[PDB]
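Here it is: the structure, laid out below.
Every protein chain except one is present and positioned as in the full complex.
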Amino acid sequence: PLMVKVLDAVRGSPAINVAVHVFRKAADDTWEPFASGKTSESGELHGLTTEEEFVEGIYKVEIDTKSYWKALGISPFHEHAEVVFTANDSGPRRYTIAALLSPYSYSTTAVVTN
Amino acid sequence: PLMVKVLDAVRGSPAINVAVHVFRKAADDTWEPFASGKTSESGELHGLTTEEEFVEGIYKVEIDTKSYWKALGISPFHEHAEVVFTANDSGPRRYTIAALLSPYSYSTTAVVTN
Amino acid sequence: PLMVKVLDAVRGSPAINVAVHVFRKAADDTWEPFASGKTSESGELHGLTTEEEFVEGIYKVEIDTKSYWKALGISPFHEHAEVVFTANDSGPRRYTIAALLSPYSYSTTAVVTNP
Partner (left out) sequence: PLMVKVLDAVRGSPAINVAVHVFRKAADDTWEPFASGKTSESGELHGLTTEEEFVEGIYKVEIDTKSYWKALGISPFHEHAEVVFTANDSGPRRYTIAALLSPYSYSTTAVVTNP
């Protein structure tokens, strides 16, 4: 139900081997680790969770953009990119969180489908 | 070698049934029709061309954003969105032109892979 | 030395009355409140800090996009937009944090100048 895709606006390519961490907001308002992985050669990270585990709640997707740029020898602005959203069962069932990265900028969108 | 994908930033969805026209620049600098189609339910338009036909050159991808917004009952800013680029054989072989649409804004990127 | 500008990609307008909260990472790795305000009729928020107060550190600029969209009677995707960055680590700079908002998307950029 959740896929993350990361793209590079400098090289015009998928952003490969980017660390991504997903958190769920707990009842005490702390962020609890939920899922993580590294983007593939296509810039995508599949298999983070299952329908059963991905209950309604507030989730945070943290993308380690700083390490990505540093590996390329480029000095970046942001410590990371954070995407925070509510999963809602009323809405469609599959969520794609996409991020387009530049050293001093990023764009993110959600594609939510049934 | 060429795919076009269009996304909607207002609804968080693929932009479905969007007309897309591709042109190649001719030797007299006019734009000659090359390929066209309508995005699918996934927001993607596949099958525009073949490796044989897609020779080095300057290409224009025109996306009929105004009709898309009007069909949704939303007043848009742009007449259309234009993406103009050189296809170069030195670079990687497959080109994805992606566009993220809002009524008064759009973002575009190229994902170019081998 | 810190300005925040917010635009609305649906209306083609400044995003007015957007709440913005800035935090600085403390010695104990917690986010300490640093400054806050609301965007003006131009979509800009000036006067958050001074060059004396805006020392080296890791800062988080949280833009309350959800509250913005709800109030235009609209249900958006994100809770907020957060921008996290190290500032002033090579001496004082001036920072503009710009954000362009849609209900299911935002884009952010920084303009960093040396006075």
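Letters A, B and C name the chains as they come in the text, with residue numbers starting at 1 for each one.
Operating definition for what follows: a contact is a pair of C-beta atoms (placed from the backbone, for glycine too) under 8 Å apart; a residue touches a chain by one contact, two chains touch by 3 or more.
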Per the touch definition above, residue among B:7, B:10 or B:83 touching the missing chain: B:83
Residues of chain C in contact with the chain not shown: 7, 9, 12-14, 98, 100, 107, 109-113
Residues from chain B at the interface with the omitted partner, ascending: 58, 77-80, 82-86, 102, 104-110, 112
Residues in chain A touching the chain absent from view: 8-13, 77, 100, 102-105, 107
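The definition used in the following text is that only the chains that are shown with their structure count from here on.
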Chain centre separation in whole Å, for chain B relative to chain A (CA means): 25
Whole-Å separation of chain centres (CA-atom averages), chain A against chain C: 20
Two or more partner chains touched - positions in chain A: 107, 109-110, 112
